[PDB]
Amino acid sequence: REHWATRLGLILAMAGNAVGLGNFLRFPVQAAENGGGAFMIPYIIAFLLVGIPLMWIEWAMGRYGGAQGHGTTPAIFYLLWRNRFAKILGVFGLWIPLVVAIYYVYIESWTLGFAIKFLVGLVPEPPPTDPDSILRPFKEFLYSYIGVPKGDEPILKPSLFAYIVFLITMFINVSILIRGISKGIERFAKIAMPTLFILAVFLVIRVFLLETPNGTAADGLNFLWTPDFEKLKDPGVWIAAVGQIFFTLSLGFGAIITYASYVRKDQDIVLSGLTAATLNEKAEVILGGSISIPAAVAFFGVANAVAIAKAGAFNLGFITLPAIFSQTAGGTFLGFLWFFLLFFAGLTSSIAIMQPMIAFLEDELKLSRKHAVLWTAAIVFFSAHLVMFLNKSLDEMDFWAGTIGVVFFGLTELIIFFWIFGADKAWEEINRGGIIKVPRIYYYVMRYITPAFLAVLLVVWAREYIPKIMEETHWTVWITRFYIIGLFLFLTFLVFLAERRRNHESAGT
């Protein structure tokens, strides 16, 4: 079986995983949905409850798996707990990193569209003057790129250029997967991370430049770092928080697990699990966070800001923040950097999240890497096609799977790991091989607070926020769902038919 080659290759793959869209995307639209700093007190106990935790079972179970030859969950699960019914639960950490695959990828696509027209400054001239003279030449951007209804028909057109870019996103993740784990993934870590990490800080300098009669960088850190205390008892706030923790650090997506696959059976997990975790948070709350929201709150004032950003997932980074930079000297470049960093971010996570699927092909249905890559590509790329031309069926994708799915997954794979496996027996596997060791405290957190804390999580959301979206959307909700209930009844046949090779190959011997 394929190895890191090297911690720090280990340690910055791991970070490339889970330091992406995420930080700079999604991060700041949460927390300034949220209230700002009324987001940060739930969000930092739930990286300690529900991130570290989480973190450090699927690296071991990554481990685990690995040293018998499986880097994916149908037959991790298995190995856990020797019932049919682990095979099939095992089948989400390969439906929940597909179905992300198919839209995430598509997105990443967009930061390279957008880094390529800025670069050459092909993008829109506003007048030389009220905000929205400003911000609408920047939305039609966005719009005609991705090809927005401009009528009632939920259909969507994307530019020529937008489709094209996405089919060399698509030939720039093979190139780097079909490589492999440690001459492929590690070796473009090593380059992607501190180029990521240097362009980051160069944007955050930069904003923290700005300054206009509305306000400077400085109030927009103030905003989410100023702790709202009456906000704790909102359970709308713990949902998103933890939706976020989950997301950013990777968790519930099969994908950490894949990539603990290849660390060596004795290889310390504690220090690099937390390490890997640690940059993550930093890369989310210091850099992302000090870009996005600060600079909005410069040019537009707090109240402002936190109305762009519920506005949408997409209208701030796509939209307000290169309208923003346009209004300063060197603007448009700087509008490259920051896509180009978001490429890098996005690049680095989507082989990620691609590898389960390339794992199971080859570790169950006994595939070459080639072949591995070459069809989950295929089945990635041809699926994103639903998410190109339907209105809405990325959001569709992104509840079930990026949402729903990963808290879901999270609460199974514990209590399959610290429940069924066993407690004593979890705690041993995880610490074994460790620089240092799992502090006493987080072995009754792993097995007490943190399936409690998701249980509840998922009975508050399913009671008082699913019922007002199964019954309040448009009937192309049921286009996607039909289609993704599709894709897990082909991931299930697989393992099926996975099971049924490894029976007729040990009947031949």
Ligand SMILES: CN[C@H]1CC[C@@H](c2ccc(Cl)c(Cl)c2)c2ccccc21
Contents of the next structure:
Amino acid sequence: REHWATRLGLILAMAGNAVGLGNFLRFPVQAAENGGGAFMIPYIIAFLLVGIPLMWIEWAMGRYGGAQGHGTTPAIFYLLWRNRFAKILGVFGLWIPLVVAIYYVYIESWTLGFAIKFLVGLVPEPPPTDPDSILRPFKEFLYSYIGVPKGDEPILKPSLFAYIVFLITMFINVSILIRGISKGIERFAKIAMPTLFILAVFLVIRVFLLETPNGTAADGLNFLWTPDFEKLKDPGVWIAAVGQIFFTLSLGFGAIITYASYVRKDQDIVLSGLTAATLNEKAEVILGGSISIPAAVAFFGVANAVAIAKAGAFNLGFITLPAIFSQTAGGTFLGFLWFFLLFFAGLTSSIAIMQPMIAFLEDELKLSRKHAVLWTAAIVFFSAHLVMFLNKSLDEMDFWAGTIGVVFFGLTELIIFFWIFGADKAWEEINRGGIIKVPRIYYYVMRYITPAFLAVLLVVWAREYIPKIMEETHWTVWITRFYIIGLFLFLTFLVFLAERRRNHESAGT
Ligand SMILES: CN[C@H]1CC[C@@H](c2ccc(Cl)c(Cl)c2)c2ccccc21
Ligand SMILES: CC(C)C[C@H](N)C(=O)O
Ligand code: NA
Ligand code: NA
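Having seen the form solved without the ligand, can you show the form solved in complex with the ligand?
Let's see the whole complex now, leading with the same chain.
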């Protein structure tokens, strides 16, 4: 089996798994939509009660599986629980990251396309005061790039440049993945993560220097870091906070598991898992939190920045921020640095959610790395045409896989590992080879608090929030549902073929 070459390489690869578009795009919107500082209390609590324990659990499951030559959940769930239903539940650890990759790589491709155009100065020119007259050219720039519907039909028409850039983006992901774990993912992480850190710090400093008649960057930080204790009774803020915690730490995606399956049997995962998690949070709350929100608040004020965040998932990062930057000397180049930052952040993450499918094909169907990588990319590339051409297909995939899917799968993986496999066996497995030990209290958090926390969340989620969606959406949602259900059945069939290939080999050997 492939293994991580160095300790630092492992940490940076895992940090690259976690530190992505979620830190710089998702977090600021989620925080601003939910009261800034009011979002942060449930966010911190979710990190301590969910983020941390599940990170350790997933590293542990991965290392355990990898020792026996298995990096993905269909096999790993079965090793922990010898039941046919374990294999089927394990399919979600291939389905979730695959579906997520299908739109995530597309969003990542926009950041590359924007980086190129901003570098070359092929950007909108606003008039040389009126906020609408500045923002509109940038809105139109994004809308023409992805091809937002101009009529009634839910049809997207991406520009030719956007389509070619998606192809280049797929190629770049392949070029890293094809070289493998140590010489591909690990080697790239060692270059990408320092670059990402430096670019982000530079942007934080530049943003901190922003002052207008409407406010300062400090007003943005005060908005994000001032608690509101009245919002603690609102379940929506809690649901948002936990959803971000899962997304940002790559939990419930089978991705941490697969990466950890290349950690050697003896090698620590307690300190390594905690460091990767802590590096992500710093990149999220300190770096991601200090760019978009403070800049928007400085130029528009709090109320207008909140409205901007509520307008959509991509307004703040793809429209508002570059528009703000264009009002400063060298602002176009600053836009480039922002989008290059986003691209490297996305790239280190997208390779992480393509690796589970790669590992499955290698581990279970015995494909070569080359064939496993090329077939995974072919599936992601083909499937992304749905996200590229059908309006709100991205939304539907992100709802089922990237939102509901991960929380369900987090609860599922915990029950299988910490309840069925055995709490004391799981606790032993986590701590084995640890440089530091997991604090004793976390045994009771993992066994009782975390599963109860997630179960209550999922019940309130399903009853008081999601029936409003399943009924009040456009009929075209069924196209995406139909296709991603098909992918699940496709992956179930491959799991079937893998266990039949095992029987043929077990009969021969
Ligand atoms: C629950 N889904 C929401 C919030 C997350 C948000 C989202 C999802 C994935 C990513 Cl990568 C980002 Cl940056 C942001 C989004 C995007 C488009 C449509 C809907 C949504
Ligand atoms: C799907 C995951 C790889 C996402 C990543 N953790 C991010 O924050 O962008
Ligand atoms: Na990343
Ligand atoms: Na993240």
